[PDB]
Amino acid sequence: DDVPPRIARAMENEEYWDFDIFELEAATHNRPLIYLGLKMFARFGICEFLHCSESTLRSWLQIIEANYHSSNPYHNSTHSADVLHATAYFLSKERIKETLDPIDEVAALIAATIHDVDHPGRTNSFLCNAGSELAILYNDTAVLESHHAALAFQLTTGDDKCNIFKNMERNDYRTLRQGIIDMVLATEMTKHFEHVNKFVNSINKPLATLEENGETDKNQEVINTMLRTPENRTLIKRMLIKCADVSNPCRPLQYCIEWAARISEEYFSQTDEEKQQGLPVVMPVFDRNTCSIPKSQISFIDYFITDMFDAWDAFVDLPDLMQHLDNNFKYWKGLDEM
C-alpha cells in the first residue's frame, strides 16, 4: 500500500511493454521482485484466488527474492522481476486471456517469480563437469531447473507464514503445483526446439488451417475448443514462460543492451573459472578476451529468438516486441563499424 513515492512511481506503468525495470531495481535497492510481485499479484487478484493474506504473500515474495543471488550479474532478482513483467504482459493479451484459465494464470505468474531461484550464475554444464553437489543430487539432469522448482516449494511450504498455498484444497493445489513445476522445467534450454516445434505443430499450424474456413461462429467454437484442451494449454504455457524468460532482445534498445552486458559478464566469469580449475570449457566462444558481445547477440537472436518469437507473435500478435527486436538486431549490426 503505502509504498515510498519513488518506488510507487517506478511501478506506475507496469502494464506497458516499455517499462524501466532498472529504475525499479535502483529505487528498490535491489528488491524489485517483492514490489513488482505485490502489485502484479494484486492486479491479478491471486491471494483472493489462493485465499492468502497480503501478509503471507509479502513473506513469500521476501523469502523468494532473498534466495536470488544479488552477486550474480544477470541471474539476480531483477531478472525474475523482468520475466514476471513479461509474463503479465502476455497473460494480458486477448488471445491468452481467452485461452488460458485463471489457474493457469496463477501458475504462470508464480513460475516466473521462482523460475531461477538460488541460481548460482553457472550453467548446468558447469555444475555437471564440476561434479557439483546439485549435479550429483539431480543426476546431471535438468540440474538447475529441478533445483529452482524444488527449493521454491521447500521455502514456501516449509514455513506457515510463507506458505501461500496453505488455504487451498488438496486437488486444486495438486493441479497448480504440477502446472508450476511444468513451466519451470520448460525453461531448460536443451529442450528449446522440442518445446518450440511442438507449439508450432500443435498450435500455429492447426490454427492456421482452421482460420481458412472463415470467421464462422461455428468455426470460432471449433478453434476455442481445440486450443483449450489440457494438452494445448500446457504447450501454450510452456511457450509463454520460455518467451518471457528470453525476451531481452525484444525490449527497448537501452534495456536490451544492459541485459546483454549482464549475461555476458556472467558467462565470462564462468569461462575464467573453468580454465582456472582446469574444467572443460563448455562455452569456448564466451571468453572475455576474445568474444564480441554484439556478434554473439546477433547469433543468439538468429539461432533461437527469431523463430520462437515469430511463432509466439503469430499466435498472440506482439508488434511492439517484433519492432524492438528488429531495431535491436539492426543496432548490433550497426556496431561493426569496421
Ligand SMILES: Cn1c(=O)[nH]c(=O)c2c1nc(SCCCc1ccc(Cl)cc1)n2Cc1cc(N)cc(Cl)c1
Given for the second form:
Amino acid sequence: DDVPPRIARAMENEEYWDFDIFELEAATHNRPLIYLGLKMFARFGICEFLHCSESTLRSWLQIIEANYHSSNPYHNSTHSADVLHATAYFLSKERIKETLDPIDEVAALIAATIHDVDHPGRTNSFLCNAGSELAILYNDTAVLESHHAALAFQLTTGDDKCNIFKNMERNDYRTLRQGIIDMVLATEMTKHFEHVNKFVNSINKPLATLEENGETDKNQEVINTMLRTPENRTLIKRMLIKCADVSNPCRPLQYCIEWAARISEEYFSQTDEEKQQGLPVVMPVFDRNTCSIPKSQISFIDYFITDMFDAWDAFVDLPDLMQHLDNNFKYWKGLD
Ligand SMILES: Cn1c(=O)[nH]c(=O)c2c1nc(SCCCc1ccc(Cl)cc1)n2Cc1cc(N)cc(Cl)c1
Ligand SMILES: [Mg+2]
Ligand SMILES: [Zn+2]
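What does the same protein look like in the form deposited with the ligand bound, given that the last one was the form solved without the ligand?
Below is the entire complex, every chain and molecule, led by the chain shown above.
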C-alpha cells in the first residue's frame, strides 16, 4: 500500500525489539495504531483468517484509535501500538509459535490493540471513590478492564463497516471473543500475583521438572502435551499480555525514560485532582511535589517487573529485554 515515506521509514523494522515507537507517533501525528496495526495484522494474515476486507480493518483500527484519549500523557493510542508491538514480538518467538494456535495469535493481537480503549488516565480506585458512572455500571469490580472489552465490542459489532468478525464461523467467534475478553481482563492490576504464580506453578515448574529428563524424543511429545492444553494456553496468553502491557522498563533506555515520564504525569495528575476534591488519596505517594521518578521506577520494577519477566524470560528466552531491564534499573539507581 502507498504509504507516506516518512511513516513507511518509521515502520521499517517493526520485527525488532529495538523500535522507535515515538518517531512513528510523530510521523503519524498521533495515529500510530492504524499504521502499525495494518502492517502487523497483514504480516500475521489476520484478515485472511477472519475473512475481513482491508477496508473493514482500516475502519476498525480507526474507530479504536479514535476512542483512545490523545490528551492522556500515557494511556493513549501510542501505548496501545507499543503494547501491540511487544505482543507481536512475543508471538514471533519460537517457544510461543509451537505452543499456541493461530486463534490465540488473533486473540492476542486484537486484545493488545483494545486492552486500554477509552482509558481516562485515572485508576480503578479513583473511579470507585469518585462514584464514576463506570464504577456504578461495573459495581466497583474490574471497572476499567471490563469497560475496555465491552466498549471495544460495542464499536466493533455495532456497525457493519467495523465488524471484523461478521464473516466468521460462529463457534470460532465464540472462542475468539472469550479469549479476547480473558486477556483484556487479565491486565487488571489486582490480578497480578495471582496470574504470575499460576504461570510459575503450572508452566515453569512442571516444564523445568521435565527438562531434566533429557532430550528424549518421547519427552518432547509429553512436554507438548502438557503445554498445549487449553487451560495452559490461557495461562500463557495472560502472561504474554501482562508482559507486553508493562514492557516499558525492558525497552531501550531513551524509550524507558519517556514511558516513565508519561505514566508519572498521569498519576501526579490524579493526585492533584484527589486533593482538590477532598477525595481519599489512593496511591498517596505519586505526588508531583514529593515523588522521585527514578526511585518510583525502581519500586515498580521491584514489585511488578522483576519476578514476572523472570518467569517469562525462562520460558521464552528474551535476552534483549533482560539486558535492557538491567541497564535501565542501573540508570535509575545511578541518579543518586
Ligand atoms: C510500565 N510502567 C512503567 O514503566 N513505569 C511506571 O511507573 C508504571 C508503569 N505502568 C504503571 S501503571 C500501568 C497500569 C496499572 C497496572 C499496574 C500494574 C499491573 Cl501488573 C497492571 C496494571 N506505572 C505506574 C506505577 C508505578 C509504581 N511504582 C506502582 C504503581 Cl501501582 C504504578
Ligand atoms: Mg489497562
Ligand atoms: Zn495498558
